[PDB]
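Given chain A's structure and the hints, the job is docking chain A' with the ligands onto it.
There are 2 protein chains.
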Amino acid sequence: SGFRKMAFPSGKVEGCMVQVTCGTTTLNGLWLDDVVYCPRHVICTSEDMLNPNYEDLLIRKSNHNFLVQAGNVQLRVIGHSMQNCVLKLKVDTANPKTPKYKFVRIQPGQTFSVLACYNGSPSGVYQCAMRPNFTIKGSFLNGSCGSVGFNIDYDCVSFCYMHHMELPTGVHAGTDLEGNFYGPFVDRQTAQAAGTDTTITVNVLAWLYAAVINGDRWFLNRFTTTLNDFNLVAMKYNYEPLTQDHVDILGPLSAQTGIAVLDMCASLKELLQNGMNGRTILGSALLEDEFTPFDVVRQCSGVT
Amino acid sequence: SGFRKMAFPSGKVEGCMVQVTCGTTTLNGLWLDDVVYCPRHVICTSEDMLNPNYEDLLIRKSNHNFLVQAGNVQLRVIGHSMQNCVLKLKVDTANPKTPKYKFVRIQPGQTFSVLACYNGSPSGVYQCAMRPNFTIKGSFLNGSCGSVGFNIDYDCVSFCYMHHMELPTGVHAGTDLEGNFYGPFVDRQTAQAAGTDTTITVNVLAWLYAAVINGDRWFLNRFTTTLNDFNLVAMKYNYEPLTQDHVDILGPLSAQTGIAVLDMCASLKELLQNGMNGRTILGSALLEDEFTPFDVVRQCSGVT
Ligand SMILES: *CC(=O)Nc1nc2c(OC)cccc2s1
Ligand SMILES: *CC(=O)Nc1nc2c(OC)cccc2s1
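So the protein sequences, as listed, match chains A and A'. A prime marks a further copy of an entry chain. Numbered according to PDB author numbering, the first sequence spans residues 1 to 304. Numbered according to PDB author numbering, the second sequence spans residues 1 to 304.
So here's chain A without its partners, still in its complex pose:
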C-alpha cells in the first residue's frame, strides 16, 4: 500500500550523461553508442540567443570546438551535424554503458522521469508530464539544458524529452531526441507564452482509482454521469475532454476496483463542483494529474 510520485530508476540514463562545452557555453549531452546528443544552442552566447541563425553560427564551429567530457575523460569528436534543434556529435568511442533505447515523441498527458544534470553530473530525478500546452513543470537551473526525460520498459529506455528553454513564467520547453520542440516553442530568447494549462482528466481519474485501491474512498458518491454531461463540467474547470479512448484505457482500473469509469467521473464531477472541503486524497489537497493509467497499474502491481 501507499502511492507515491515515483521516477524510473535513473542508473541506465546516469551512464549516458556527458558535459558538452562549445566556447563558453557548457550544458549536458546524452551519449548513446558513438553519438552525443545536445541542444544546438550550446553554440550560442546569451547575445546569440536573442536572434540566433543556427546554420550561420554552426559554420564557425569545427569538431574540435565541441568539448565532450564523460566523467573526467575527454571524448574525441569526429563529426557533427544539426538535426532540428539538437546537435549530434559523432565521437570515436561507443558509450560502453549504452542501454537498449528508443527515441519516442510522447503525447500531452504522458508522464516521464527527468534526470536533472549539471556539467554532465546527475543531481536528481523526478516525474513530469507533458502538459496539454506542451510545457513541462520541471526543476531546471542554469547548466540543466541537455537533461533528458525518459520512460523504461524493463531494460529499454525510451527517451522522449531533452531540456532546452525556460519560459519567463518559469515553466519548461524542450524537444524529443530528433530535436523537434514539443508545442510551438523555439530555442530563441523571445516572447513565448504558454496556452491554458488544462488538467489531464484521464490521469486524475487514474489517480482516483489509485486512491480507492490504497484505502482513500471518502469521495466515492452515489452518482453516475455520461461522457457528454461530465465533459460540460470538464469544460467549465479547464479539464481535457474525456473520450471513449480514455474510458477504455481506464478499463483495467475499473475492473480491479469494480467502480465503473462513469461513476468515478461522477465522483470527479462532485469534487470539481464542491472542492475537497479541507480533506486530502493520497496526501494531496488537489486533484493529481501526472499519473497515467499505465503509471497507476505499474505502481499498484509492482512491475520492474
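Hints listed in this document are in silico derivations from the structure and should not be mistaken for laboratory results. Even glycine gets a Cβ: it sits at the ideal position worked out from N, Cα and C. Hints may be right or wrong, so weigh each one.
[As the list claims (entries may be wrong)] Okay, derived cross-link-like pairs now, DSSO-like style, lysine-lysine, Cα gap no bigger than 30 angstroms in a straight line: (1) A'/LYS100 to A'/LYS137; (2) A'/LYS97 to A/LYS102; (3) A/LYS100 to A'/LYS100; (4) A'/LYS61 to A'/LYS88; (5) A/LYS102 to A/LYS61; (6) A/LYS61 to A/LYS97; (7) A'/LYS61 to A'/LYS97; (8) A/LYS88 to A/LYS61; (9) A/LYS88 to A/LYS100; (10) A/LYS88 to A/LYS137; (11) A/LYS100 to A/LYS90; (12) A'/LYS61 to A'/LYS90; (13) A'/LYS97 to A/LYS97; (14) A'/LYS102 to A'/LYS137; (15) A'/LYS61 to A'/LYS102; (16) A'/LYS137 to A/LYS137; (17) A'/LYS90 to A/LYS97; (18) A'/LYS137 to A'/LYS236; (19) A'/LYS97 to A/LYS100; (20) A/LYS61 to A/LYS90; (21) A/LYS102 to A/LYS137; (22) A'/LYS88 to A'/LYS102; (23) A'/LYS90 to A'/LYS100; (24) A'/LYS102 to A/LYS97; (25) A'/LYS100 to A/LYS97; (26) A'/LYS97 to A/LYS90; (27) A'/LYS137 to A'/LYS88.
[Claimed, not checked] Only part of the chain A face toward chain A' is listed, based on derived beta-carbon distances under 10 angstroms: (28) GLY2; (29) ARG4; (30) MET6; (31) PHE8; (32) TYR126; (33) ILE136; (34) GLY143; (35) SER144; (36) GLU166; (37) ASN214; (38) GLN299.
Structure of chain A' with the ligands alone, referenced to chain A:
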C-alpha cells in the same frame, strides 16, 4: 526555476540490489562489499510473523538455505549472522559495483530517497521523510521488503533505511542498516499504531523559502512573530515546535531571500490560521514538509 520533489539518482544503489530467498519467502537485499543485508523476517512464513522467535527460527537455517541472486547469477553464502532486525549474509564475492557508502541513523524530519525493489529489481525511486512518529509514507507492495532509503553526498551513499513492515493504517516502518527499527515498531504481525503524524515545521518553512525563490510570494504578509508565539500556533495545528536550532539551519535561506526566519514564521502562522483560500504554493494545495533546508539549498543551487 521550478521546484520538484526530487530523489537522488539511484544508479549507485541499483548496483547493490539482490534477491534473497529463504524457503518460500523472497524479498530484497543490499550487497555492499562481500555482505548482503536483508530483513531478518526473510526466515519467517506468514504463520511465523504472528509471534516469531528469530533466534530459534534462525537455528533451523544454514548458509545454503539463503539463496542470493544478483541479476541472474547466484552468490555463494559463506556466513550468516543476525544483527538486531537484519541478517548479514557473507558472500564469497565483493560487489564489484559497491559505491563509497556509510550507514547513518537519521532523525525524524530528515528526508531520503527510496529505491522500491521487487525480486532484487528496481521498479522506481521517490523522496520520503522520517515522520516525527518514526513512520514513513512509502509505496511498498509485497516483495518490497529490503528496499533501502539513502542520501548521496557527491559519490558517497549514506544508507539510512531498510523497509520491513506495513502498519494496518498503510504507513511504513523499518530499520537503519544496523537493523534497529526507527521508533517503537517490531518485525511482528501485531497491533502497532503510529502516534500523531506532526508536521515538520522547519521543512515547511524551508519550502516557503523555495517558493519565494521560485516566484510564489502571495502568502508573504506584513507580520512577524516570536518562537514562543509561533509555537503556540504550532501546538494547535500539530506542528513540531520550532527551536533556535531550526532558525539557525534556515539562516542561509533567510540570507538569500532577505526574509527573516521569524517573518516567514508569521507567514506560516497566517496560512495555518486562514488556510490557502483555494490558492497553491509550488503547485501544492497544502504545506509541504518533506523538503529539508539542505534539500532546498541543494535544489535551488544545483549541487550534483
Ligand atoms: C538550459 C541551460 O542550461 N542553458 C544554458 N545556456 C547557457 C549559456 O547561454 C548563453 C551560457 C553558459 C551556460 C549555459 S547553460
Ligand atoms: C515487506 C515484504 O515484502 N514482506 C514480505 N514478506 C513475505 C512473506 O512473508 C510470509 C512471504 C513471501 C514473500 C514475502 S515479501
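So, going through the hints one by one against the coordinates:
1. A'/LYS100 to A'/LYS137: Satisfied, since the Cα-Cα distance of roughly 28 angstroms is no more than 30 angstroms.
2. A'/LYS97 to A/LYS102: Status holds; Cα separation ~26 angstroms.
3. A/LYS100 to A'/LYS100: holds, 28 angstroms
4. A'/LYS61 to A'/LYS88: holds, 13 angstroms
5. A/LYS102 to A/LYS61: holds, 29 angstroms
6. A/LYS61 to A/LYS97: Holds - the C-alpha atoms of A/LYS97 and A/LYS61 are around 28 angstroms apart, at most 30 angstroms.
7. A'/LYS61 to A'/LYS97: Distance ~28 angstroms between A'/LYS61 and A'/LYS97 Cα, so the pair holds.
8. A/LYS88 to A/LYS61: holds, 13 angstroms
9. A/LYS88 to A/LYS100: holds, 19 angstroms
10. A/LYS88 to A/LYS137: OK: A/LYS88 and A/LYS137 at ~26 angstroms, within 30 angstroms.
11. A/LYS100 to A/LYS90: holds, 19 angstroms
12. A'/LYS61 to A'/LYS90: holds, 14 angstroms
13. A'/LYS97 to A/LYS97: Satisfied, since the Cα-Cα distance of roughly 14 angstroms is no more than 30 angstroms.
14. A'/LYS102 to A'/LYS137: OK: A'/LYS102 and A'/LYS137 at ~24 angstroms, within 30 angstroms.
15. A'/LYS61 to A'/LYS102: Holds - the C-alpha atoms of A'/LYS102 and A'/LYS61 are around 29 angstroms apart, at most 30 angstroms.
16. A'/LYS137 to A/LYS137: holds, 24 angstroms
17. A'/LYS90 to A/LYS97: holds, 29 angstroms
18. A'/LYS137 to A'/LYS236: Holds - the C-alpha atoms of A'/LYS236 and A'/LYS137 are around 23 angstroms apart, at most 30 angstroms.
19. A'/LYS97 to A/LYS100: holds, 20 angstroms
20. A/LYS61 to A/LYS90: Holds, at roughly 14 angstroms.
21. A/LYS102 to A/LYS137: holds, 24 angstroms
22. A'/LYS88 to A'/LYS102: Within the cut-off at roughly 16 angstroms; holds.
23. A'/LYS90 to A'/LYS100: Distance of about 19 angstroms is within 30 angstroms: holds.
24. A'/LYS102 to A/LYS97: holds, 26 angstroms
25. A'/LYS100 to A/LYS97: Given pair A'/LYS100, A/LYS97 holds - Cα atoms ~20 angstroms apart, limit 30 angstroms.
26. A'/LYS97 to A/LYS90: Distance of about 29 angstroms is within 30 angstroms: holds.
27. A'/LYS137 to A'/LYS88: holds, 26 angstroms
28. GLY2: Check passed: Cβ of A/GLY2 comes within 4 angstroms of chain A', closer than 10 angstroms.
29. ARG4: holds, 4 angstroms
30. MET6: holds, 4 angstroms
31. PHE8: Where the cut-off is 10 angstroms and the nearest Cβ of chain A' is about 6 angstroms from A/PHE8, the hint holds.
32. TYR126: A/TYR126 check passes; min Cβ-Cβ to chain A' is 4 angstroms, inside 10 angstroms.
33. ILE136: holds, 9 angstroms
34. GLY143: At 6 angstroms from the nearest chain A' Cβ, A/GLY143 passes the 10 angstroms test, so the hint holds.
35. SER144: holds, 7 angstroms
36. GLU166: Status holds, d = 6 angstroms.
37. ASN214: Hint holds; A/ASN214 Cβ to chain A' Cβ min 6 angstroms, cut 10 angstroms.
38. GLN299: holds, 6 angstroms
When each numbered hint is compared with the structure, no violation occurs for any of them.
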